[PDB]
Every structure is written in C-alpha cells, then in structure tokens.
Amino acid sequence: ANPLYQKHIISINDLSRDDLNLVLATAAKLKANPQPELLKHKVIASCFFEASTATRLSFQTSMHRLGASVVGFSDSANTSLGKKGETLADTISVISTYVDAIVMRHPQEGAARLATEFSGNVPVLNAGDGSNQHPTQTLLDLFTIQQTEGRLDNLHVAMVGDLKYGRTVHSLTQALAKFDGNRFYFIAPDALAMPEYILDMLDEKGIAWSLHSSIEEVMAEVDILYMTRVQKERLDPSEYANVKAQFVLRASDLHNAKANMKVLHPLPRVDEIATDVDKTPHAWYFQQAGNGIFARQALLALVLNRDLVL
Amino acid sequence: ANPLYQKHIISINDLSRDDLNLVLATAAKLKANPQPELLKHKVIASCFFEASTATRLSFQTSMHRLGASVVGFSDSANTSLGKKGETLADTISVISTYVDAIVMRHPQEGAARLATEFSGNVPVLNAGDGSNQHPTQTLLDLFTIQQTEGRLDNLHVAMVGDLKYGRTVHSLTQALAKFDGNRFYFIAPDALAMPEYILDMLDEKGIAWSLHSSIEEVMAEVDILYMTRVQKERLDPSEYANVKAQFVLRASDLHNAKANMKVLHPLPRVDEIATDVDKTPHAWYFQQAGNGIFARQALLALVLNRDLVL
Amino acid sequence: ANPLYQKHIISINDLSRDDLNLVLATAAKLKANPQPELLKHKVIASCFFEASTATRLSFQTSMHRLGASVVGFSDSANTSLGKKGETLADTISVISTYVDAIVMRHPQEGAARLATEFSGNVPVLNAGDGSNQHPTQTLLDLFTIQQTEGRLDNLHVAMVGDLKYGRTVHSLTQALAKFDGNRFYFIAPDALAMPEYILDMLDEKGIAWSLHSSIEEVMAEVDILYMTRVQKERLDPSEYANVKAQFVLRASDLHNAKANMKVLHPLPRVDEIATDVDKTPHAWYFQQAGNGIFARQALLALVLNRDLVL
Amino acid sequence: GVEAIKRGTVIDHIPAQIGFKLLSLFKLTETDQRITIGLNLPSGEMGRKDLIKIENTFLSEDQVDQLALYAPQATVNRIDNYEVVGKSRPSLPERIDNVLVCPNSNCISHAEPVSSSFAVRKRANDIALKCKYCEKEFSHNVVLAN
Amino acid sequence: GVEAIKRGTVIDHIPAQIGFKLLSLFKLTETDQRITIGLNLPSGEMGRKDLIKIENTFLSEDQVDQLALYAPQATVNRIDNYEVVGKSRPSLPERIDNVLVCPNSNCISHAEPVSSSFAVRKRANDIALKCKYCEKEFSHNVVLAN
Ligand SMILES: O=C(O)C[C@H](NC(=O)CP(=O)(O)O)C(=O)O
Ligand SMILES: O=C(O)C[C@H](NC(=O)CP(=O)(O)O)C(=O)O
Ligand SMILES: O=C(O)C[C@H](NC(=O)CP(=O)(O)O)C(=O)O
Ligand SMILES: [Zn+2]
Ligand SMILES: [Zn+2]
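Residue numbers (the entry's author numbering), protein chains in the order written: chain A, 1 to 310; chain A', 1 to 310; chain C, 1 to 310; chain B, 8 to 153; chain D, 8 to 153. A prime marks a further copy of an entry chain.
Calculated from the structure, these hints are not laboratory results.
Covered stretches of chain C (in silico footprint by chain D; criterion: 3 or more residues with CB under 8 Å from a CB of chain D, positions within the stretch not fixed):
# : stretch
1 : 78-90
2 : 99-110
3 : 122-133
Even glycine gets a Cβ: it sits at the ideal position worked out from N, Cα and C.
Could you build the full structure based on these sequences and the hints that come with them?
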C-alpha cells in the first residue's frame, strides 16, 4: 500500500515532508503520461457547501481524467441540510454508504475534520474549511514552485494580503516550513496579519520570518511573491476598513525583481494584481491554476489506488 | 482536418453556407448511426451563467452520447464570479487550463466573443449571449427545416413575436439569408421589431422581406411559421406594455395553411402557441427540440475530432 | 427691534457673544416668569426629516407654552418629498407661504442653510443638519453650564466620544471659544477626532486645548464633562470598528472630581454612561434636557417679537 | 501659417471646432513636446479651418486614418527637417480599437477588462459602427456619446 | 510672441499640462475668432510653459481670479492695437461660486438645485476652501482634484 493510501487529507499539519514529496512525484509522473482508467469504477462525491469555480472544477476534471464518476452538489440550498435540517454529521453518514471518497469545501473551520468522524473508511479530502486549511491548494502551489525554482528548500517567499483568513497561506506556510532554509516575508495590514500559531511554529523550528510594509522593500530578494485576496466573506464589521487591497502590484514594481522570481496567486484576484502584470515574464498564476489538475489527479490516485503509479 | 475543426462557434455571421451544410450532413450521418466513443477521453465544460433546460441538457446528452465527460455549473451564484468577484476573463483563463472545449450561455451580449480572447486553443461554443446570437439553435432549426421541407433555399419563412431581443431569429435570419431565394415575413409589435442591422443585410443581399400585422394575412403562403416568446427578462420598463403576446396562434388559424407548412418555436412558449395546435399536423416544435441532440452532437464532433464522420 | 428678531439660527458660527448672552438672559427670565400668550396667533412648522424625540418635543412644547400653533411632520416618508420627488427647495418654498417660522432637522449637512435661500421672510431655525450644527443644543447646554457654574469663562471643559460626527460638540466648541479663558480637553478615538477646522479656529484664537487617551487624566481638572454618543448612523463602513463606546463613565470613576463638576450629555446615551452615574450629584443630563424648554422658548420669543419686555 | 517646426507632424485642414475634439480623443496633447494649435483661423478654401502642429512626433498610416470619422478631408503632413516629405490624408479605418465606447448598456465590454473595437462601414450615407462583441451596429454619431 | 493680435487677451506663464485644462474649463471653444495655443513652450526659468491667445476676447470678472486658483503665476496681458494695454496677475478672491464641487458626499449641495460656493482662505501652506452649505473646510488640493 503506498503511504497515503486511504488517508484523509485534511490539514498540511498532518503530512510529512515525504508525504508531500510523494504527491509531487506522482504529479510529475501523471503529467508526463496519463492514466485514463486508473480510477475506473469508483464514484466520488463532490460536496461544495461554499463557492467554487477552480477547486471544484479542477477536482471533477481530475476524477474524470482518471475514469472515476462524480456525484455531488455545488450549493447547499437544495440539499436536505439546506431545507430540512439534516446535520452535517448525518449528511456524511448517509453519503459514506454510497461513494468511494468525499471531497468537501465548507464555510466553518473544522468541517472536514468532523466528516472523518462519521465517514467510516471513506476518505475525506478537504477542499477548504472556512479560514483554516486548504491542503490541495498547497499541493499545486508546491508543484508550481518546484517547477519554477527547481527547489522547495532555500527559497525567499513573500506572502502578501490577508493572512489571517487566507487558508491558502495557512497551509502553504506550514508546507514550506517542512523543507530546509526557506525565508519568509509577510506583508499584511495589522488586522489581517499571520495567526500567532503559525509564527510560533516558525520560531520553535528556527525559521526566519519578518514583517515588511511594502512589496518594494523585498522585491529584489524574493523568489516567490505569493499574493492573496482579502477574504471579504470572512471579515468581521470591525475589519471592514480592510476590504480594499492595501498592496497592489503593477508591472512597474517588477522592474527590479529577480529574473527567476514568479508571482503566484491562488485566485480569484480583485484589485491587488493589476492586469498589466499579466503580460510580464514573472506572472505565473494561470500556469499555477493549471497545475491544479496534476496535483489533484495525483492525490486522488494515491488515496484511492493501493499501488503506486510506477 | 475538417473545416470547423477547433473553430470557435460564436455567431452565424462568421460561418459560410458550406460550414452550415457540413454540420447538417454530419447531423444526418450521426442520427442514422451512432458513435459512442467518438469523444472518449475529452472533458467539456458546461458553463451556464443564464437559465436553461433544453440547450444545456441537450448539449450534455450529446457530450454523453459521444463518450465525453462533462464538468460545469448551471448557476453563477456559487461560482467565484458569483461570490468572490472573479472576472469572466480570469474565469475563462482558469477553465481553459482544464477542459478540451467550453460551452457557455451568458446574459450579456458579447460574452462568448470575449471568452475566446482568453481561452487559448480551447474552443468556445456559444449557447446564447444575451440578446445577440444563439448559433446552435439555428443549427437544429435548419436541420428541422431541411428535414420537413427538403430545401433550405426558396422557402417562405414568417417570424412572429419579439424579434428585437429574440437571439434565435437573429441567428436564423442570418443563416437562411445564406441560401438562395428565401422570402421573409416579419410579424412583431413596433417596439420589438427586427434590428436594423439584419434588415440592411437583407437589403444589400437583395432578399425580399416584408412587415405584416397578422399571422392570417401570410398563413396561406408560408412554409415555416417560426414563433418566438417575448423576452420579458430583457425588456426595458418602457417596453412593459409588450409583455403579453400580441399574436397568439390557435389551431383554427391553421385551417388554410399550406399542407407542408410546419409551426416551429425555439421554446419555452407562454401564451403565443395555444395547446390545441399541439395535436395538429403542422405542429413541429417538440420534434424540433429533439433535433437539438443531432445538431449539437454533430457540432461537437466536428470541432473536437480532426477527421470527418465519414 | 432686538438683534435676533427675524434672524435664521443656522450656525453658532454666525452668532456673537452677545446674541448668545441675550438668549441666556431671556431663558432665565421666562424660566422665572412665564409668558403664555407671547406668540398667540403665530403658526410655526416643525419639519423633522430625521429622527428626534427631545429636540422635536421640547420645541413644540415651547411653542405651545407661548400660545403658538404647530403644524409639520416627523417623518418625511409621507411628504410629497418622500413619495413624489418634491425637492427640499420647492418644499420650503411652499411651506414658507403658510407659517411664521420653520424649525427643521435634516440628515444632509447644509440643509438648513439651503432652506434660508428659499425661505423668503420666514426665519428658519436649525434643529440639526447631518453632522454639522446643532445651534439650539448649545443654547440649552450654555444655559445649563451657567446655571451650575455661574460662569461661562475660565472653565475646564472635557468633550468625550465621537467628536467627528457630533454636531453638538461642533456647535458647543465654537460657542465656548467666544468666552474668555476656557480650556478644552478632547478625548475621542482617532477615527472620530475633532475635525481640523474647529482645531484651526481654537489655535488661531489662542485657546488652549489638548488631547487625552483617558478620562482619568483629566477628572480632577474639569468643571464640565461633556459625554457624546457614537453616531452609528453617520459612520462610514470603514469606521465600524468604532461603533462601541471606547470611554465608558461609571460612578466609580467620579472618585476625585471637583465637587462643582457636572456630567452633561445631549442624549440619547447608549453604553458610554453607566446608570449608576445617574444617582450621583454629578449627573446633570436630565436637568439639562429640561433646560431645553427655556432656551428654545427664549429663541422663539426673540426671533418673532421685535421688542420683548422682560 | 503659425509657428515654425523642424521635424514632426502638422495636421492641417481640420474642420472648425473639431480640432479640439481631436486633441482630446486621440490624446495628442499628453506629450512632453511642443504642439501649437490654431483654432478658428481663416482658411479660404472652405472659409475657416482649425489646425495642429505636433513637433517631433510622426503618425502611422493607421493613426491618420482614424481621423477620417471626424476630419475626413484633413491633410496630414510630415516634415523631416523642415521640408515636406509626405502629405497624407485619412481613409476610413476598417477598425477603431480602443477609442470609442459601445452604447449597448448590456455589452460585455463594459464589465470586463478588454479594449473596445468597432468595424467601420460607410453604411450608405452615415458611417455605421458595429461593436466586435455585442455585434449591434450603430451610426457613428450616436457612438460619439450622448 | 507665438502670434500677435490687434486686440485680445494673452494668458502666458501657464504651467504645463494645465494649458489644455483651461480651454475646457473656460469653454474657450465657443468662439468664432482665432485662438493660438502653444503647449510645452520653453520658459527658461520654469522650463515647460503653456500659453493661450484669444483674439477679440478679454477674460471676465470670474475667470481672472478663478485662474488664480488654477495657474497662480499666470500673467494676463490685455492687448489692444497690438499694445499691452494692461498686465494682470490674479489674486485669490474671498470666494468661488459655481465651479467647484464639494468633496462631502452628504453635503446637500449635491442633491438640490443650488450653486456651490466656497470661501478661499490662504492657509499658510495652501488654500483652504470652506463650503457655504456644509461648513467643512478642505484643502484646495482635495476640492480641485483630478
Ligand atoms: O478565494 C481565495 O481567495 C483563495 C482560494 N481560491 C480558490 O481555491 C479558487 P475557487 O474558490 O474558485 O475554488 C480559496 O481559499 O477558496
Ligand atoms: O428562451 C427563448 O425564448 C428561446 C431560447 N430558448 C432555448 O434555447 C431553450 P432553453 O432556454 O430551455 O435552453 C433562448 O434564447 O434561450
Ligand atoms: O443624537 C445625539 O447623540 C445628539 C443629538 N440628540 C438630540 O438632539 C436629542 P433627540 O435626537 O431626541 O432630538 C443630535 O445631534 O441629534
Ligand atoms: Zn457592444
Ligand atoms: Zn459642502
């Protein structure tokens, strides 16, 4: 059985440097040569209780690119949880008797973790739970970084935007702190700053991180500039001062950026990455979006097939 | 490569008499003998940002009747464009890295044309863009006309209803003006009359068209009576006087109709075609609806397969 | 003719030290010897385009104690401005052909000044315009300070709360800067600070003022502690952090206040003054509300009577 | 007539009260160079003209053609070190990208980040303008905003 | 200079990129007689200089000190018989009515049919404008922003 076979994938906090490296290796193998019938005869649930264009559609294309069948919903308003009061617990209890694995995105932190309490042997793959984690985002972010920098160890990575509610930077900061000698620069408004628990973790692991008030003061030393979007859905009224982007990247700022440096963004973007950056060599977010197909295909392959894509 | 291979299908204005004839020939070939695995291993996006029962479900049945897989959404409210502010441009940029072709219906005129600017090599097939075009409607309308009249040249076709906002009569009037000697009769309230740009086009091509105030004054010379429904979703408050159907067809009016003449309607119908017409020999709209499967299957086959269904 | 006869009381800014002193002298006279007929046969319009309990009911009780008649509204939802699109200019133009003075409260700053351009010969008295001015609040607060302190010069006045949107403190500060030697202490959260044009004026005048982050800093120094309420309805969404009171006054904090010191508040009060304060000899806010009857009777008496023998 | 020039373009013969429109519409003034404009100055040929000398900037054919919807008979002129090299003239331009705005309120062009684009055809009397996106066709006069 | 006139005004020493704003802001286009605009002219001391010439016209009571707020060092030369009959430099008035827009969203000036009006105090570092209706006072930078 490979190491991830039938594991639940809920938080980057439960995976090792090796588990990540495995996913990545399988992504490159399946990107190089396809496997159309690898998951023939499996039916996977797509349970999106929160908005999604990319995570849901890249997950369902991956399931389809491996022969599996998909069942699910994209909206909770017409589910019996929506109209009848079914609990998420009884919802997962019933869906576990039907499908071979459950992919679910949900607006409360902790939702994928409790699905596992009720899912039996059916693995639960977390497509984002509130402002907590988003593990498959980090698997395509890491594949895109490895792919454009050659390494995942010894990088300079700046994370800009809403880091309090950005579930993407929660998972990704915890994945890169598993490799050696990565330096962190964090650029957020004080109200949307990195949660203490990730900075603590950076500190006991001895990792070097620093706060910065502008993109320009780190533009020349960063290799990955990972931009995020203010999670306006998640803000409290107190925080409504922070709805507009404070740090907006325009192509001019890239005029002294390291030639290898790429600009990543999980997407959607609203005003923080201007569209003129789109034509510049550093822009890699749509490439990044595309790599979602290969990391999600690799992950499904490992959790549902005993063997190992050779 | 056949002529339509990987072309975007956005407006009837960009296709030639030959491109239409091709689609039609392939429709008859695939209606006669099926091809279940013609599009095996392709995944097609179904992106309906506007309401649909028939265009979406006939398109997805056609994709399924040729072996392809479908991914998509029927509602924009739970897409990241709906809840997060993703632009249609970034939406198409991300979906282009996943699927082999994109079918999209959208409420703004011009939406499928700009998807092509951002879709890479992925073809965009227009399932209706606001009040502009609806090219696959015209392909099943033409297949049903050819099928019930034998010709597409030298017909008498009356178009009744909302012709200002009827995207169906915009495409169809432009497809039949590609064949020779067709006569047009237009029956609409002045406020919902044919757009100037189609009448101009009829004039420089020397085509004979005329305005008429009743169905009865043309009932005896028409071969195709193509009924439409007032696009109430698209009306301005000024135009709210025109929400009810002015011209309503009842079976009695058909009592001096040419024996070959059929009544077509893109559907939905509200009060303009009474249900007693449903039992008469001239009624062909549900047959027409069914032919959507063969024209949409033919179109997908041509845009995605290099070869030519023999 | 007295100085205030037929004047418009729009802004404290337009009144001098002696107009102000004339109102207090008269309020004192009518508080002791009532005039039940002073305005027998005058009809005064009370037009409240924005919520009020105390300003509107003290004003129309004043009118009735002086023999006048009142007509008007407390809710513009039922005027022809509300339902039919009558401008405020045409509303005032028409109302001035009927009545002998207009008392107005409105939500846009600048509304009462506009009313005077249309008013004709009819005096307009400003019961508050948005966050600009509240002139009749200051005449009742100045009568109260005089009553308790016997002095309107050389006082130590602290103003606490939302000083940016508070029209009561914009008018009160402008009026106390007309007497000699008053010292101001402003305690407000940054977002809701004293607008610079009031500060510029204090400075241009040589008046001493200072900022403080607490009330304790100034408790032993002050003669009057003027509490205000956060103007939630005037806040911008970016200011919503500031909705809750930042400085709350409880009986305990009155620990080493000068014995003569009074706690004034325009009211309504939300959480900023605890109710135990109410039972201390320092709480003067309901005696202050009572003084609105005499200050407003005085003003109405002086604007509509040429010479007054009192 | 009016002020001298070494190298650049001098758009002469602009119809009266149109010279201004053109300074604005094709942004000709947003430069660090010397432009001289002669508004309402006597022509003779057709009474009164208006005209622009833009120094050290040269127009492409393509720019010059765009002027045909405003000043059809204008006469563009490039002068390389004072002598007239090429006297050109507008021909209506087939496409007018970026400059105009689609008057269809429900055109997608208004929401998304794409540049505007119109196909130009001498529509029998007026010049008709078809939006490349919503495909509605408009007279050139209305597209020039009301 | 760059043109001459029998009688008219010549606004010279106009700061760069402001010259074009004045033809719109004073509507010096509703005119029949000649206007000469020289843009980005050298002025040794101030480098870039725009200059406007209007034949037969003299700027009214408003525009001269409204110009004070827009081009504070501009020099207005009144000309007749080609002689500089008068030279002027505008002063900041006490008030500017009609042309400026109050920055305050909630000022009634925005909803009702009344002419805006601001008082002009020349406040140490810059002009402060107090709105006649809402009584807020603003930096002139804010009030006549672009
Ligand atoms: O929404 C974001 O800003 C980042 C991130 N975005 C995505 O995963 C893309 P989508 O919401 O279209 O699936 C998320 O956490 O949902
Ligand atoms: O709705 C109409 O009247 C005609 C036409 N109808 C259809 O295509 C059928 P549907 O909206 O169920 O896909 C359309 O333009 O959408
Ligand atoms: O509302 C306040 O906080 C103070 C002040 N309050 C009053 O005048 C009392 P009322 O709103 O009951 O007339 C106002 O400015 O409107
Ligand atoms: Zn358009
Ligand atoms: Zn104002």
